[PDB]
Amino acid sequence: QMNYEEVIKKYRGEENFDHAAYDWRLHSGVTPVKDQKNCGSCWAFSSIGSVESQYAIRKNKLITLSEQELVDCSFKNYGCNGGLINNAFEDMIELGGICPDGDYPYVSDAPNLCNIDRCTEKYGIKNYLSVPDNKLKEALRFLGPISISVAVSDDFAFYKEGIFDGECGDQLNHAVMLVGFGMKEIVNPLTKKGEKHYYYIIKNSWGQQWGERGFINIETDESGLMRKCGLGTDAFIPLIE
């Protein structure tokens, strides 16, 4: 809901940057991964997560917000039955902030009315930008983690570690967040020596006991244009400033 290039300038400028790697996780920009459990709330978890990061970064504050308040009050979405990232940010603005993870605990699929009053300190967002299907790493590098969508194939769930590059799903069927990229330099199971494998770093919402501490690495190229499984097809990053 804004013009990227217009904002990317206010944060980057002429500063060049390393395209091989930047990890918001270890620079205090990624709050802990959560677990949506058996409720289809990925969208709420993804948007909330990107909001948590803007605070962790910009307003240098660690705060975890209620995905449950979104599942219960974002009407432009369908609670456990699904939703859309931007709709979430939308309703976030409509609601003028979300209660803390703490005053409004998550309860997954268990019926639950929406009570905006369950707290007094609502954390909100001034607005939210949509980042270009490309220029991802760029956004990621200066704006912060990004709520994105992806086609998750069945094997995506088995991912236990490494750099997943397996089969993808049918269509965009999940919201996760991009928190950075990196590049491990492997050798060569195919006869030679060195080689560079670049990857994006995803923060899932299936709890820590999944993939690398809840995070997963998806293949990509130095450029950050190779978006396996539809990565960031839909990509947004909220702004609290």
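Residues that one form lacks are left out of the comparison. The term rigid core refers to the maximal set of C-alpha atoms that superpose within 1.5 Å between the two forms. Residue numbers count along the first chain shown, from 1. Compared with the form deposited with its partner chain bound:
- Comparing the forms between the two forms on their core, residues 189 to 193 form the single run of at least three in a row where every Cα shifts 2 Å or more.
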Given for the second form:
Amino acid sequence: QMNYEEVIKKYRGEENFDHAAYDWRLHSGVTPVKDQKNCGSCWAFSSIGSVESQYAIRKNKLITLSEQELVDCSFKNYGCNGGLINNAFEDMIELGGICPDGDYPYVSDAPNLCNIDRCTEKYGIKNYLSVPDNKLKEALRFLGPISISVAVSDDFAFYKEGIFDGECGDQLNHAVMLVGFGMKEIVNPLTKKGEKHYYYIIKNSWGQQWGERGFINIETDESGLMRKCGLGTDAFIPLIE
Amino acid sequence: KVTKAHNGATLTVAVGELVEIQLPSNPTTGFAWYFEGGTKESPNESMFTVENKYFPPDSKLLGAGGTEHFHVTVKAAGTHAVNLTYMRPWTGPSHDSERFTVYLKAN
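To test you: the structure above is the form solved without its partner chain. What is the structure of the form deposited with its partner chain bound?
The next block holds the full complex; its first chain is the one shown before.
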């Protein structure tokens, strides 16, 4: 139902933008890294994070929201055994939004019953938009952090710093957040000249001792059409206004 | 052959026989099964060799876990502890890590 071209017209206009670099971490767009722990709940962490970002960006409100409520209460998804990003946003509309996680804490795979009335005020969305796979940089620049799929392998678990150089998973398997893009000039030791190396910046939900304080840089190109490991094959952004 | 149901069992096996260990495993959480040190390789290649493989689920959900297969072949006579821990490799194990052990007894 929501049309990307109609939405982008509204938020971008005719405003042009640098394709090299834009990081929401520096423009009040990214809330703290969380940890899903031993629980297949990344679908909830990715989608909640993107809502958290929109409140920071559009309402100047820092709020941390309850992945646990989505885990317990989202009937379209399967809790600790997996789910879908779009399904998560659908359930948030149906549920009337989500409690702050201060009122509804994360207990991982511990048994827990859905209770949709744990707070005085829930934080909702109006709808969500699918981002076309060739518009990730524009969508990031003008709309905000995006909930995306990626195909992760065990190489991801050993990532420490820099631009990811490991193998891809066999299949899209993990929901994360696209929070920006960047570029680093590195001298080619043969040509002795600087070369531009572009990357997407992703927020994961494996805690802050993983990767670059919870984040990972993934190789892209200037246009952003380069999508390593199927990144952004599913790409959804919630809208709260 | 071997599953979580066999945790702590002793299996009688021949030198040269392949034991397939199949364990649930979700790489989307960062956890996987490891020998001590955070490796998929055998503690002692003279006693037994280990090959390893992840198999994703037929589910297309994000966060749906799969299965690790460890193919263990005993190389010398003796009773050999195969000790695995389910852990994040950057964190290492704790008191409460899930552990799997099987003993492989070859005459």
